Amino acid sequence: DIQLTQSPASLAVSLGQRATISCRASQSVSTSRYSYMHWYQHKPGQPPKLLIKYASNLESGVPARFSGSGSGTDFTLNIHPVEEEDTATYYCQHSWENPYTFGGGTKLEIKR
Amino acid sequence: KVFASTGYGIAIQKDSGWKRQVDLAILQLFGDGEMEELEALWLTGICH
Amino acid sequence: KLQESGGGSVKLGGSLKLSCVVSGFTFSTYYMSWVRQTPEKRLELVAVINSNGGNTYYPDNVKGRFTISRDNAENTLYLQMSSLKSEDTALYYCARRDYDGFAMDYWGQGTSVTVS
Amino acid sequence: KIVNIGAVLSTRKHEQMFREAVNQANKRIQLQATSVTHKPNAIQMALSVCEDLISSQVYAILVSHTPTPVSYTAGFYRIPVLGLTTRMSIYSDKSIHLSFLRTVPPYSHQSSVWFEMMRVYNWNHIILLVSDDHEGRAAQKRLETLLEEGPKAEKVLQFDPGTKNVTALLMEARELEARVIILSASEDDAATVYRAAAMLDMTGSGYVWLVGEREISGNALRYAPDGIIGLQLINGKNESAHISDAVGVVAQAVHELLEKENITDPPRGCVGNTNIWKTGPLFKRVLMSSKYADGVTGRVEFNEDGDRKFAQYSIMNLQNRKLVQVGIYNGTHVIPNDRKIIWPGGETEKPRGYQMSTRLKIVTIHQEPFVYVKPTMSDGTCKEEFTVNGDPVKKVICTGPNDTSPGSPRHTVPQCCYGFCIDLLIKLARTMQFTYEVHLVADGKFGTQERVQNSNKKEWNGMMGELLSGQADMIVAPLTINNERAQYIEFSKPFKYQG
Amino acid sequence: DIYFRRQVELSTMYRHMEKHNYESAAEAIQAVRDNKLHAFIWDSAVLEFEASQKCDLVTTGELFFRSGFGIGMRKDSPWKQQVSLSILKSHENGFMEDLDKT
Amino acid sequence: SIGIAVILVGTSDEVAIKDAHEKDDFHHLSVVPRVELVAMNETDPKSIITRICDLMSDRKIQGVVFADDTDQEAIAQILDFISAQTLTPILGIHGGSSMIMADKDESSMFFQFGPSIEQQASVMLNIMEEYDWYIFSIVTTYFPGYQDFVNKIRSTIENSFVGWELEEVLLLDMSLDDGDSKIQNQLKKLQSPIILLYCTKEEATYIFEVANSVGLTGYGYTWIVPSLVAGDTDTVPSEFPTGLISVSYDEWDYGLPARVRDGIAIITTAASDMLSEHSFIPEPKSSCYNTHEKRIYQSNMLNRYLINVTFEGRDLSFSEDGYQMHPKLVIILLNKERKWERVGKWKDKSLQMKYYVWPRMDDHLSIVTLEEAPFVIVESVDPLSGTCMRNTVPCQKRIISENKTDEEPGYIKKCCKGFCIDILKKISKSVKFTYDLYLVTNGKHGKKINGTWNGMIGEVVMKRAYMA
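Chains as they are written, first to last, in the numbering used here: chain A, 104 to 215; chain B, 38 to 85; chain C, 6 to 121; chain D, 488 to 986; chain E, 13 to 114; chain F, 25 to 492.
These aren't lab readings, by the way, just hints derived from the structure by calculation. Quick reminder that beta carbons are idealized off the backbone N, C-alpha and C, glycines included. Errors might be hidden in some of the hints.
[Said to hold, decoys possible] The calculated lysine-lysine pairs, modelled on BS3-like cross-linking and capped at a C-alpha distance of 30 Å, are: (1) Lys944(D) / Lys56(B); (2) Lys747(D) / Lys488(D); (3) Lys651(D) / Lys156(A); (4) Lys945(D) / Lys642(D); (5) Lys146(A) / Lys16(C); (6) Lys6(C) / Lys68(C); (7) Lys51(B) / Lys765(D); (8) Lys765(D) / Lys176(F); (9) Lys628(D) / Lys225(F); (10) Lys369(F) / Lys437(F); (11) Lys176(F) / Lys87(E).
[Said to hold, decoys possible] If you want a taste of the chain D side facing chain E, the calculated C-beta under 7 Å gives, among others: (12) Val490; (13) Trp601; (14) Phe602; (15) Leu954; (16) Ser956; (17) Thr967; (18) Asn970; (19) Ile976; (20) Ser979.
[Unchecked claim] Using C-beta positions, here's what the derived DEER-type ranges look like: (21) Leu194(F) / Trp610(D): 33 to 41 Å; (22) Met325(F) / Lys500(D): 33 to 41 Å; (23) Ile320(F) / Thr123(A): 30 to 38 Å; (24) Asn722(D) / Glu275(F): 54 to 62 Å.
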């Protein structure tokens with residue numbers, strides 16, 4: 104699988120802001136038909152729910168604040184209002200051939 | 038040193054469908070050294 | 006949906022079998038995985054099985070070590086472990102097919118295996 | 488002389504319209520009506536085609552509603568099929584979709600109406616945004632054909648029909664100068680681009696945007712506000728009206744074609760007779776010469792695709808999200824129903840583009856003695872120099888070179904220049920009264936038109952590559968302008984001569 | 013370089029050029045000054061001026077190709093009429109001669 | 025678990041490809057391929073669909089190979105629609121499957137082999153680079169987008185270091201009108217030695233007729249024929265001028281077995297291209313209806329590990345239009361005997377042809393030279409364009425080989441420069457002849473030994489009629 108990096112691995116943001124979490128792969132991942140990002144958020148004690156399906160294809164049951172995008176190696180997630188329920192650790196898996204490869208990952212907290 | 042700097046050429050009509058290709062062609066004939074051919078024809082000297 | 010069992014505080018390279026409690030769907034039509042979640046919080050895929058055991062794959066620190074048992078009449082997934090290491094201490098939250106689904110889909114609450 | 492004709496419609500009262508139209512065209516010449524239905528089942532669609540066109544002389548089908556298998560099973564045998572309720576421009580592709588008829592043109596024909604919109608005020612300044620769709624690409628080639636014959640049009644802007652965060656194009660549009668802009672996209676991409684450019688204030692005063700037709704929906708005004716004029720072809724399209732027009736023109740067609748030479752019979756349902764199809768193109772090629780001066784919706788004229796020429800349009804004012812007709816394009820002439828256009832800043836007039844330019848980007852190169860680059864002091868103030876008469880020589884703050892090494896993390900060095908050029912351009916800034924933008928090339932190149940090693944490209948570099956890419960309003964350099972320079976650029980007259 | 017690429021009969025020196033061509037003119041200046049180069053082909057307004065400043069170099073031969081001094085800008089700049097008029101005015105009011113002396 | 029139901033339509037034999045090597049060679053034998061051979065003789069489309077999912081009633085195929093012995097590009101789009109609706113990867117073989125229209129079908133999982141018209145454009149300019157002949161005239165009709173092809177070829181001749189100048193206007197859609205007035209008005213301005221070709225064939229017969237009635241056909245022009253003008257192999261029209269040359273795929277090497285063997289050797293091992301991910305193999309379905317009814321979950325580029333494969337060294341890489349990036353192409357002359365006589369081939373930017381001597385049919389002369397500076401100076405061709413791309417003539421530096429065999433094409437690609445180059449230029453300018461210019465490789469001027477021949481003098485007196 105194509106290796107990723109993920110930044111920033113920890114981020115405290117204030118409420119209402121547009122929180123942006125970058126992801127950088129090593130190679131170009133997919134075609135114009137689809138992409139590879141399967142984003143996962145949860146807390147310790149929570150199971151990771153799917154957020155994004157390909158690169159901007161949103162999983163059902165996701166609030167409209169979360170919005171991911173990007174292609175090639177550049178990938179992002181934009182949460183244009185920041186709320187109190189957004190404290191979670193964020194992970195994105197994919198497969199060029201191996202379905203579990205991460206970047207560094209990230210945990211999102213709230214700046215107070 | 039000449040005590041002016043003006044040129045020599047052609048006057049055409051303003052705002053026509055004109056003569057872009059002749060400008061490209063005379064710039065080519067400049068770049069082909071045909072001006073040097075023309076002065077090799079006429080611009081020859083004595084007291085030089 | 007999904008629930009893990011058979012995991013706990015274990016030791017070195019003897020035997021250990023995980024047991025995925027399955028409820029609420031058709032288990033015999035989905036693709037499986039194995040879900041090492043480290044205390045360092047860097048996930049590893051141990052192994053994968055298909056809906057009938059006809060498709061398994063092990064990475065390099067998995068083959069020879071760990072095997073999968075997969076029941077569709079019982080609807081229960083199993084991970085028979087052998088030759089464990091202290092690095093293999095990790096949590097497990099399994100997940101199922103994402104419909105051609107390179108990635109997995111269907112997390113429930115799970116277990117932790119501690120090799121010590 | 489009994490003629491059978493198929494039909495695919497979603498309503499049985501429209502099948503009654505079909506039978507009544509059969510009886511009306513029977514007034515000449517005999518007609519035969521057959522089964523009319525509609526299926527959301529492509530297998531059952533093609534299966535009903537060659538289990539129900541097992542009649543020998545089914546000559547035409549009128550279909551209704553997306554693409555369909557009957558564009559293939561009937562697109563071979565090969566009878567004309569009248570599409571009614573889908574507006575794909577893929578049916579205009581006469582490579583495969585040659586044997587089909589449509590009453591209305593698909594979305595590509597709005598580009599001619601937008602050229603008519605240009606002709607409404609006879610204005611020029613316009614920028615277009617084009618989505619990445621091959622249908623929209625073909626309409627873009629159509630409007631490029633419409634332009635080749637004036638129009639200013641600045642550039643095409645490319646859009647991806649599945650992307651968001653168009654702000655990278657929106658800041659570029661802020662840098663752009665033409666105030667008039669029309670969108671070409673669907674309404675769901677229009678959600679993003681309308682809310683983003685209204686957030687990024689690219690309404691100008693409320694005037695900037697213009698609308699086509701396919702992005703018009705219910706939510707379309709929960710987006711881009713009032714004053715922003717849209718369009719529609721025919722309001723209240725009675726399908727029975729198109730039925731009557733098609734049946735009248737095909738009655739004309741059957742009284743033409745039935746007084747002709749030997750005609751091959753069509754086959755009987757996908758079995759055994761996969762050898763006879765030439766009759767379809769035969770009577771279709773003769774039928775394309777037919778016209779229609781009659782019509783309940785007016786006279787119908789055929790293009791090369793058989794769509795109706797000389798159509799009408801509802802030019803729409805937006806009085807608090809309304810669609811108020813300020814005019815109609817009557818076939819050849821826009822005939823105005825003129826009301827007040829708001830354009831919420833208040834552009835009720837014919838403003839005819841814009842008036843912007845006073846800022847001049849000047850990309851230069853250092854050259855002795857024309858340009859004498861000299862770095863400033865520690866505070867960015869220039870080290871002040873005098874002439875031989877003690878007069879302070881002018882040094883404007885030269886910025887632009889972000890490389891002296893290039894290959895190391897350099898900074899955009901603040902220098903300042905002096906020569907012929909600096910006092911010359913300062914005199915010219917007194918002359919033309921513009922404002923001034925210094926730029927330089929960090930690598931320091933004129934930059935020649937080398938052939939790029941990929942497929943068939945010979946591209947200028949440096950300053951010529953930058954001015955080619957619009958990264959310069961002005962290039963001041965020692966320039967022996969060749970033919971390849973002059974064939975792309977404008978330039979004033981040279982003044983110094985050398986050898 | 014574009015002119016020499018347009019040249020045909022100059023082909024006997026093309027490899028001798030391409031073996032030692034420089035991306036910068038000051039590199040060629042110091043190359044002639046240190047005899048790493050022996051012939052630099054450039055316009056008279058630069059070569060004869062730096063030959064008039066630094067007492068190590070000298071120009072040879074006449075003006076081998078008549079060349080001008082042009083400007084570059086984007087298309088549709090209709091103020092270039094008055095720009096060329098101001099060019100002729102600097103040529104007329106001797107401001108070009110002020111730059112010439114200066 | 026690889027079902028590939030073998031489909032035959034027409035008259036061919038089933039023993040042409042037995043399995044017979046699929047079981048044997050090397051197949052990483054955990055992939056278990058399965059076949060189902062059947063042979064038909066009709067092209068009835070309802071019979072085709074009932075055959076499709078009476079075949080797919082036997083669920084374990086989901087993707088076949090198929091040979092239809094017809095022209096049928098309409099069915100070549102219909103099966104694209106079939107792979108677009110009953111979505112599965114297929115591969116075409118013969119006849120109607122070789123005749124590929126290649127339109128945009130985003131949900132068809134079906135590719136084939138074949139050359140693109142741009143690949144044909146590159147070889148049709150490469151032969152003109154090889155013989156240094158210059159394109160001046162294409163004829164184009166209205167048949168879709170020829171205009172983009174000539175845009176690409178026009179940018180190519182813009183950026184091929186030489187401006188091989190086109191004629192003025194080449195589109196003449198004379199199917200709309202009589203056209204004969206504008207036919208003569210366009211054929212008046214023709215200044216080419218060569219004519220390149222559009223797509224259509226009945227209009228090719230009609231335009232052969234109008235070139236006969238104009239006076240174009242005899243020997244002042246020659247014609248390069250792509251596919252869809254040739255169409256069927258064994259047919260030549262009657263208004264056909266002498267000396268046409270066709271370019272198509274090598275059907276004498278492609279009307280054969282052992283290429284569907286290559287296809288199944290891509291399909292299997294493409295199974296393990298997908299299993300390199302250890303992708304779960306999608307379950308084959310009793311189908312046509314439930315497979316597009318469940319979901320379109322399978323529509324995520326399984327063929328991306330399939331269009332970048334190389335079998336036995338042969339790079340079988342499929343271009344995105346549905347063609348292959350590396351096809352095998354043939355060069356075949358259409359002769360006055362209405363016979364398909366092969367000139368040669370193209371494979372991987374090389375024109376593997378028989379002779380440097382292109383065959384023809386008192387302008388032609390016979391000439392020999394020997395190197396002598398400064399009459400004749402050195403011969404090294406500049407490989408910037410691959411040919412001697414400056415102002416001097418190929419002197420035909422003759423080839424030589426080991427003396428056990430002939431192996432004499434008679435030419436190494438080497439030009440010549442000097443006085444007699446310009447002399448030959450001026451005398452071909454004044455007298456307007458053509459020449460057969462050679463190089464003396466058999467000695468010097470020569471000393472005549474025992475009265476017998478010597479050199480240049482020897483090569484002339486050996487009755488080759490060459491002019492020294």
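The hints, checked one at a time:
1. For the hint linking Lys944(D) to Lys56(B), the alpha-carbon distance of about 27 Å falls within 30 Å, and the restraint holds.
2. Using a Cα cut-off of 30 Å, the hinted pair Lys747(D) and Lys488(D) holds, with the two alpha carbons roughly 12 Å apart.
3. For the proposed pair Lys651(D) and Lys156(A), the alpha carbon gap of about 16 Å is at most 30 Å, so the pair holds.
4. With a CA separation close to 21 Å, the supplied pair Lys945(D) and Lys642(D) stays within the 30 Å bound.
5. Between the alpha carbons of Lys146(A) and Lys16(C) the distance comes to roughly 28 Å, so the proposed pair stays at or under 30 Å and holds.
6. For the given pair, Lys6(C) sits about 29 Å from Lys68(C) by alpha-carbon distance, which is consistent with the 30 Å threshold.
7. For the given pair, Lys51(B) sits about 59 Å from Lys765(D) by alpha-carbon distance, which is inconsistent with the 30 Å threshold.
8. Taking the CA atoms of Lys765(D) and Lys176(F), the gap is about 34 Å. The hint is violated against a cut of 30 Å.
9. Using a Cα cut-off of 30 Å, the hinted pair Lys628(D) and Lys225(F) holds, with the two alpha carbons roughly 28 Å apart.
10. The hinted pair formed by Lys369(F) and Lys437(F) meets the criterion: a straight-line CA distance of about 19 Å does not exceed 30 Å.
11. Between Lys176(F) and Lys87(E) the CA atoms are separated by roughly 27 Å; this keeps the pair inside 30 Å, and the hint holds.
12. A hinted interface residue such as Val490(D) counts as satisfied when its beta carbon comes closer than 7 Å to some beta carbon of chain E; here the least separation is about 60 Å, so the hint is violated.
13. Against a cut-off of 7 Å between C-beta atoms, the interface hint on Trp601(D) is violated, since the closest Cβ of chain E lies about 22 Å away.
14. Interface restraint check: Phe602(D) against chain E, minimum CB-CB distance 20 Å, threshold 7 Å, status violated.
15. Look at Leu954(D): its Cβ gets to within about 6 Å of chain E, closer than 7 Å, so that hint holds up.
16. Taken as an interface hint, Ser956(D) does not check out: its beta carbon lies about 11 Å from the nearest beta carbon of chain E, beyond 7 Å.
17. Taken as an interface hint, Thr967(D) checks out: its beta carbon lies about 5 Å from the nearest beta carbon of chain E, inside 7 Å.
18. A distance limit of 7 Å between C-beta atoms decides the matter here; for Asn970(D) the minimum to chain E is near 9 Å, and the interface restraint is violated.
19. Among the interface hints, the one on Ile976(D) holds; its C-beta lies about 6 Å from the nearest C-beta in chain E, closer than the 7 Å criterion.
20. A distance limit of 7 Å between C-beta atoms decides the matter here; for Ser979(D) the minimum to chain E is near 4 Å, and the interface restraint holds.
21. At about 36 Å, the CB distance of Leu194(F) to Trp610(D) agrees with the hint of 33 to 41 Å.
22. Between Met325(F) and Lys500(D) the beta carbon distance is about 46 Å. The supplied range of 33 to 41 Å is therefore violated.
23. One distance hint, 30 to 38 Å for the beta-carbon pair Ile320(F) and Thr123(A), holds here, with the actual separation near 32 Å.
24. As the Cβ distance of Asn722(D) to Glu275(F) is approximately 58 Å, the hint placing it in 54 to 62 Å holds.
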